[PDB]
Amino acid sequence: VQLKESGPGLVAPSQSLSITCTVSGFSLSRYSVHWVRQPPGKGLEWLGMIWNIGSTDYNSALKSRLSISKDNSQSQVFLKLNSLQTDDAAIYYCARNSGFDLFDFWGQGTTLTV
Amino acid sequence: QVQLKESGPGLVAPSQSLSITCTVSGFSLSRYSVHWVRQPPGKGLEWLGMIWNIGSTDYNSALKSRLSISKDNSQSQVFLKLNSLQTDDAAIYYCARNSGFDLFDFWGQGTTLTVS
Amino acid sequence: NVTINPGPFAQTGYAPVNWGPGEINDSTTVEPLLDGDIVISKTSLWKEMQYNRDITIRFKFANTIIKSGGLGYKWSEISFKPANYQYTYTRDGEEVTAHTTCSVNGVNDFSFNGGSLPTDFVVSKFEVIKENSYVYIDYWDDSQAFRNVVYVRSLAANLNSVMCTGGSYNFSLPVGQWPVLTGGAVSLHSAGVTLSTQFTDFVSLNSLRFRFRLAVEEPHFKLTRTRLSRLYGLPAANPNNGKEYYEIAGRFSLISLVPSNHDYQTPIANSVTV
Amino acid sequence: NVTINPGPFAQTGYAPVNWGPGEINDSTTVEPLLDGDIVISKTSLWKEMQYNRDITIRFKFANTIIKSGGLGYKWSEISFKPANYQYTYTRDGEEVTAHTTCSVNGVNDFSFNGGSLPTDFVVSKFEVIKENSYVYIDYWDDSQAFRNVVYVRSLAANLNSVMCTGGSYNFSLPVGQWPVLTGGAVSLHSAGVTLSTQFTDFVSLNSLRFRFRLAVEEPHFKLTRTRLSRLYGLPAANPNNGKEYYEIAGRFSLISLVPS
Amino acid sequence: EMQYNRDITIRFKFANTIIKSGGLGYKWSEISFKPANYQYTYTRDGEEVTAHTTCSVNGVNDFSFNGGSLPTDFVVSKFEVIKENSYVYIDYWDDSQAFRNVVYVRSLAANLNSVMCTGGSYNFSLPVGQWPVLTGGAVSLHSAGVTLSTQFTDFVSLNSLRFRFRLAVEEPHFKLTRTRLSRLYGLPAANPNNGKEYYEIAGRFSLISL
Amino acid sequence: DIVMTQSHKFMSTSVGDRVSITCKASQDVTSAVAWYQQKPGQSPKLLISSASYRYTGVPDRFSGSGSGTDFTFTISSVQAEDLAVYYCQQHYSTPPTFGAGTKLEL
Amino acid sequence: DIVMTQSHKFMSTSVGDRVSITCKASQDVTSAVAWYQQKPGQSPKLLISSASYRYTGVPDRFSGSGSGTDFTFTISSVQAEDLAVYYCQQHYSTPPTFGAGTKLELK
Numbered sequence: 049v050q051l052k053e054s055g056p057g058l059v060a061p062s063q064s065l066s067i068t069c070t071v072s073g074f075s076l077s078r079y080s081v082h083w084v085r086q087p088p089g090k091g092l093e094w095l096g097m098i099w100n101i102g103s104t105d106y107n108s109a110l111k112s113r114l115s116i117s118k119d120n121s122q123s124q125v126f127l128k129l130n131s132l133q134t135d136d137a138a139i140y141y142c143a144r145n146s147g148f149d150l151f152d153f154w155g156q157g158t159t160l161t162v
Numbered sequence: 065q066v067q068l069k070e071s072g073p074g075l076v077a078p079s080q081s082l083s084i085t086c087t088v089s090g091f092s093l094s095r096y097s098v099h100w101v102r103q104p105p106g107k108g109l110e111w112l113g114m115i116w117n118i119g120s121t122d123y124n125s126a127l128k129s130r131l132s133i134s135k136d137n138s139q140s141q142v143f144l145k146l147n148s149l150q151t152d153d154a155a156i157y158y159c160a161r162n163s164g165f166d167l168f169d170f171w172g173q174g175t176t177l178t179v180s
Numbered sequence: 040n041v042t043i044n045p046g047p048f049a050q051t052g053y054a055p056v057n058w059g060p061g062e063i064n065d066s067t068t069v070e071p072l073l074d075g076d077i078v079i080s081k082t083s084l085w086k087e088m089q090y091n092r093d094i095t096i097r098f099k100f101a102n103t104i105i106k107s108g109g110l111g112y113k114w115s116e117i118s119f120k121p122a123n124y125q126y127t128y129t130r131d132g133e134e135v136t137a138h139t140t141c142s143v144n145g146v147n148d149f150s151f152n153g154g155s156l157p158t159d160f161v162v163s164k165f166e167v168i169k170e171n172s173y174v175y176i177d178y179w180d181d182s183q184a185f186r187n188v189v190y191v192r193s194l195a196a197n198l199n200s201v202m203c204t205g206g207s208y209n210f211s212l213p214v215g216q217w218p219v220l221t222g223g224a225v226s227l228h229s230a231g232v233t234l235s236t237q238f239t240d241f242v243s244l245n246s247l248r249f250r251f252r253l254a255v256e257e258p259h260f261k262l263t264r265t266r267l268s269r270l271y272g273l274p275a276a277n278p279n280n281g282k283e284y285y286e287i288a289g290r291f292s293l294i295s296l297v298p299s300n301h302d303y304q305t306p307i308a309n310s311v312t313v
Numbered sequence: 010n011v012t013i014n015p016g017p018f019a020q021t022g023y024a025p026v027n028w029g030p031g032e033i034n035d036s037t038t039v040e041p042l043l044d045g046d047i048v049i050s051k052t053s054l055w056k057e058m059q060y061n062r063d064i065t066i067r068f069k070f071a072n073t074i075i076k077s078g079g080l081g082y083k084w085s086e087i088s089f090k091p092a093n094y095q096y097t098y099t100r101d102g103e104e105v106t107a108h109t110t111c112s113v114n115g116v117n118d119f120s121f122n123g124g125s126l127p128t129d130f131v132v133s134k135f136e137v138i139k140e141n142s143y144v145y146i147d148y149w150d151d152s153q154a155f156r157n158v159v160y161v162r163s164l165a166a167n168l169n170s171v172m173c174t175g176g177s178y179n180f181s182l183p184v185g186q187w188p189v190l191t192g193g194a195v196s197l198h199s200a201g202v203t204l205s206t207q208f209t210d211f212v213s214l215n216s217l218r219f220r221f222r223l224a225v226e227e228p229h230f231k232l233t234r235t236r237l238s239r240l241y242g243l244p245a246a247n248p249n250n251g252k253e254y255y256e257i258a259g260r261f262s263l264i265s266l267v268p269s
Numbered sequence: 007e008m009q010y011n012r013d014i015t016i017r018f019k020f021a022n023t024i025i026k027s028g029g030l031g032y033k034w035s036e037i038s039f040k041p042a043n044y045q046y047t048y049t050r051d052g053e054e055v056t057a058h059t060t061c062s063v064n065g066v067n068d069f070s071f072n073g074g075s076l077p078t079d080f081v082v083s084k085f086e087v088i089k090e091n092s093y094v095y096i097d098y099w100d101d102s103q104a105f106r107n108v109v110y111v112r113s114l115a116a117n118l119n120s121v122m123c124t125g126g127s128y129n130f131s132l133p134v135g136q137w138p139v140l141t142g143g144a145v146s147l148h149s150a151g152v153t154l155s156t157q158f159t160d161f162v163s164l165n166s167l168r169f170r171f172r173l174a175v176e177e178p179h180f181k182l183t184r185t186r187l188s189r190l191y192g193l194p195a196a197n198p199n200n201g202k203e204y205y206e207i208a209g210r211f212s213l214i215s216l
Numbered sequence: 003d004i005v006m007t008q009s010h011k012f013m014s015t016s017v018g019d020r021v022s023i024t025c026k027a028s029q030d031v032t033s034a035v036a037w038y039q040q041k042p043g044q045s046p047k048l049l050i051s052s053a054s055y056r057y058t059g060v061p062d063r064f065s066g067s068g069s070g071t072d073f074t075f076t077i078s079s080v081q082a083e084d085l086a087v088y089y090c091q092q093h094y095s096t097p098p099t100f101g102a103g104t105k106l107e108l
Numbered sequence: 078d079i080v081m082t083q084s085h086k087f088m089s090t091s092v093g094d095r096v097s098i099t100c101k102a103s104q105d106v107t108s109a110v111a112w113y114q115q116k117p118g119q120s121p122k123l124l125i126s127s128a129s130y131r132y133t134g135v136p137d138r139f140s141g142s143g144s145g146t147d148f149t150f151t152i153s154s155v156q157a158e159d160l161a162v163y164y165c166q167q168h169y170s171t172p173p174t175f176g177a178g179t180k181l182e183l184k
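Residue numbers (my numbering), protein chains in the order written: chain A, 49 to 162; chain B, 65 to 180; chain C, 40 to 313; chain D, 10 to 269; chain E, 7 to 216; chain F, 3 to 108; chain G, 78 to 184.
Just so you know, these hints were derived from the structure itself, not from any lab. Certain hints may be false.
As the list claims (entries may be wrong) - Rough simulated footprint, nothing fancy, chain D against chain A, three-plus residues with beta-carbon under 8 Å:
hint	segment
1	72–78
2	139–149
What the hints assert, rightly or not - Computed list of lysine to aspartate or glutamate pairs in EDC-like fashion (alpha-carbon distance at most 16 Å, straight line):
hint	chain 1	residue 1	chain 2	residue 2
3	D	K139	D	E226
4	E	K26	E	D79
5	D	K56	C	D181
6	C	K164	D	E40
7	C	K86	D	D46
8	E	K84	E	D68
9	F	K47	B	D136
10	A	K111	C	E87
11	B	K107	B	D169
12	B	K128	D	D46
13	E	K33	A	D152
14	D	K139	C	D76
15	G	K122	A	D152
16	D	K51	C	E87
Said to hold, decoys possible - Some residues of chain F that are not near chain C, with every Cβ distance over 10 Å (derived):
hint	residue
17	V5
18	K26
19	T32
20	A34
21	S52
22	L85
23	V87
24	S95
25	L106
For every residue, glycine included, the Cβ atom is placed at its ideal position computed from N, Cα and C.
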């Protein structure tokens, strides 16, 4: 199994954002994926989850601002965040789920500059 | 106990409609099904149509397109309608219950029809 | 390149399925080793329709026999097991293929103890179905009707009764006379239908289950050379009694949903030329 | 561009249901006498939707034991039996009531025979479950989601695991030493969910069935005063071990076709 | 002004490209047309003549079916189909006196009879489920003008005559089974040749080379 | 469809004498036959439900038999109450279909 | 929502001496608490999946305990590559919620 991210790295306020997590070794029709981020020098958080079936679940606060999507054809997953701030700057991770909300394998993690 | 009673005009004219009402008793129409048959004078008997326990209905091919079977579960009464009848359609009509596949168990008294 | 635009209503529909058998009642045996809200799609069209078709069902029982260790006089188990069958019959329309899978539930378990010697004869369990028990005959078909059993609103089957009779089975003892198990009949009367879908990771495997109630009828079943006598039921020794298949025949009506070939959404001017 | 259906649309809908339990693997025992086409409704308007919510499954097993007549040393059955539970809990600021039923299939039955004298201890059937068995738990609720489970397309559930361990049963012999059964434990992992409907005459009767897969764990279980060998599994003697409820937590997502 | 005018026998066959998208076998992307060549020998005027003919299409219509975003469901994003709007172009090269002196012409024309082209049946290969098919479709070709043109084949440039053909749609319907689509009209690009090697057109062409 | 026939149409049978009747089918009906009795001024009644089954309350003298195509209905003693018409139904297919109707005479 | 806290942000132990950490919860999460480890320049890893169960291959010198509200994580002997941050998760509710992140320093 290998989870790799890919993103811009530098962005401007009041704009969009798109990251893509490319998976290999496991099928996205047998597992689910989670997105998390780490405000610099602060506790880690849950952002959203995309299930095995196609349904998605979001964090309450950023519900209004994000979309999560996937494509079994590209064996990839992707997230979009819009109308960002300075506070939204952090390092972003995509992870796999095994049980209820246990994270098993993680990616390298891209850092963001706004 | 169970009782099946019919009710109909008795006399009718060609090129007209027809309506008959089997009034069941002692058994729910949501637990059983009902069949319509008739016996033209002499000769033998036929099958006309059947109304199921759930609401679906099945008809006989020869008389198809002329028959109309329906019921009201709360009224405990089935009703059949035949239109555009002829002299050949004259017969005694009998509503009957079904137990297995097509076994008839209890029958009504049977009304006789005259067309002229 | 003209581009035919999509219409307002969504084209959602049935989900992929594979027709198969259901669960079963099973139990193994261990012998000792010593002796002694979000919206995912837009609006879509669906209409309720009636499919009334004839159903012919052919079934066959199966049996399993397990003898214990030692001199070989005594048996450990004689019981039922699922069995499958396939065939082709003719609806008035065409020929259709069919599969079936029988099974039981609520079975009664009898035993007999001839003695505590190595030579004496004991059978620790032989099963028998009876009043309380039931029989479930699952079914799937190739016709058009079975393609629309998903999303069913109502379903009712009118079926005939059948009689199953017991054959005979001979206990091969190393030495001495051979006792025998013989007869026993039960008669199936229809009860309601059951549908079921198992949601595994990518296929909705599904199945029906025709239930069937039982009543007891003569002949009796008997074990020869012993005190057990004249008890009612269908032993598991030889249920088929030399017949390839028992049959049930009757009608079934279903009221279900169907994707609406509504006929309005069409590219304008889809017609022959003029 | 394409033509569009504009007329007034008809009102088909869900059909009356009553939520309840499913079938169950059962078997009695008889003991010796002595001791020696037509369109029913018009075009309508439907829609597909998500219902994703949390869940707390609380359950508890049940056992049956029966003795055989005589001196009182012979048991004929130490077996399992379905059990029911009714509870309440909170989910996103809503109190839901709920009912649960626990049955077991795939059982592996055992036996011991200490001898044939009238006095010898004997147990003809005590059943355990040990990696060749499944526990099936049925659940119904009072929320809105369960109202719209009719006509479902896909359901999935991410649920935590729960370890169940055995207690101890002290067999009562009229005279002499009392042997005892003690030990055993299994872990219940999740597997596929099932939905089953029964079209009886009156009204449809449906049932949900979460299906769990067992895996054996320590401690080992044993029967004293005999030669049974430290086997592994969950003995059906005292499965819940003085705990009122075992519980599992999780989340379930269903994708259902709801009337629009 | 040396005049050449001859009987003529055209032969041809379409060809399609199918491209599926990745895994699980459900979601196709394109079912389109593409040009196609055929070579043959026939006898006319008591002489044996070899020929090479290439068929292409323009004005094609694009249809689509989207069964949903959920993975398992069936999807085909673009299958082309021909109708009254579209035009066919078939080009012909022969091996005789005439088609050596077909450059520098003063007048071209031709009288050609007509033909019918019918669809076949394509079977989508789903891993699990019942296989939806694509069947039906008809169309009839009726002649139009002639022009000069050149077709390039096997690294040898060649000088030939290009016939245009207008279309008229006709029955049977074309339909996707196991879906709501049904009773559409035209010729889809799944199996147009229908196992038939060659449709053939016959007639005569008039030419006054200079 | 299914088609059935009866041997006779009227049969002279004395009181207290054994009597049998047969009706034939065209296709193969394994064991699905029924027998109805219609007295004058009465509605038909069900006496047989299978190849040789007896419905509840039917008198003992009556019985039936047959398998495959040929099927028969037998009484041991005729009695005054037994003077009536008797029909044979088939129920192994979609259109239930009766026979012509053969009866008795004293 | 769910809320968690960890006692200190630094805990100091020489190679070979017991480490012991605690994190409290804002409700009675029944045995559903996990523990992650993040080394410098590394992505977090899963060590103690349920309050006590150790996931897959992790050394034995790790272990955990606790029930109800209070939960703890204990190492018996320290090594040189254990200097890392450790987080405690809670998995009995919709928003998985980590702690702040407490780590170790060497003497």
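Checked hints:
1. 72–78: This one is violated; 0 residues, fewer than the three required, reach chain D with a Cβ under 8 Å.
2. 139–149: It holds, with 4 qualifying residues against the three required.
3. D:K139 to D:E226: It holds: about 9 Å lies between the C-alpha atoms, which stays within 16 Å.
4. E:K26 to E:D79: Holds. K26 of chain E to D79 of chain E sits at ~14 Å (cutoff 16 Å).
5. D:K56 to C:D181: Violated, because 29 Å separates the two Cα atoms, which is more than 16 Å.
6. C:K164 to D:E40: 11 Å, holds
7. C:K86 to D:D46: Given pair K86 of chain C, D46 of chain D holds - Cα atoms ~12 Å apart, limit 16 Å.
8. E:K84 to E:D68: Given pair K84 of chain E, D68 of chain E holds - Cα atoms ~6 Å apart, limit 16 Å.
9. F:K47 to B:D136: Distance ~27 Å between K47 of chain F and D136 of chain B Cα, so the pair is violated.
10. A:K111 to C:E87: Violated: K111 of chain A and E87 of chain C sit about 38 Å apart, past 16 Å.
11. B:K107 to B:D169: Answer violated: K107 of chain B to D169 of chain B is near 22 Å, above 16 Å.
12. B:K128 to D:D46: OK: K128 of chain B and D46 of chain D at ~14 Å, within 16 Å.
13. E:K33 to A:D152: 30 Å, violated
14. D:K139 to C:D76: Cα-Cα ~42 Å, so violated.
15. G:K122 to A:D152: 7 Å, holds
16. D:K51 to C:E87: With Cα atoms ~7 Å apart, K51 of chain D and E87 of chain C stay inside 16 Å; holds.
17. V5: 14 Å, holds
18. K26: 20 Å, holds
19. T32: At roughly 7 Å from the nearest Cβ of chain C, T32 of chain F sits no farther out than 10 Å, so the non-interface label is violated.
20. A34: 7 Å, violated
21. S52: Answer for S52 of chain F: violated, closest chain C Cβ roughly 8 Å.
22. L85: 32 Å, holds
23. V87: 25 Å, holds
24. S95: 8 Å, violated
25. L106: Per Cβ check, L106 of chain F is outside 10 Å of chain C; nearest 29 Å; holds.
When held up to the earlier numbered hints, the structure conflicts with 1, 5, 9, 10, 11, 13, 14, 19, 20, 21 and 24 and fits the remainder.
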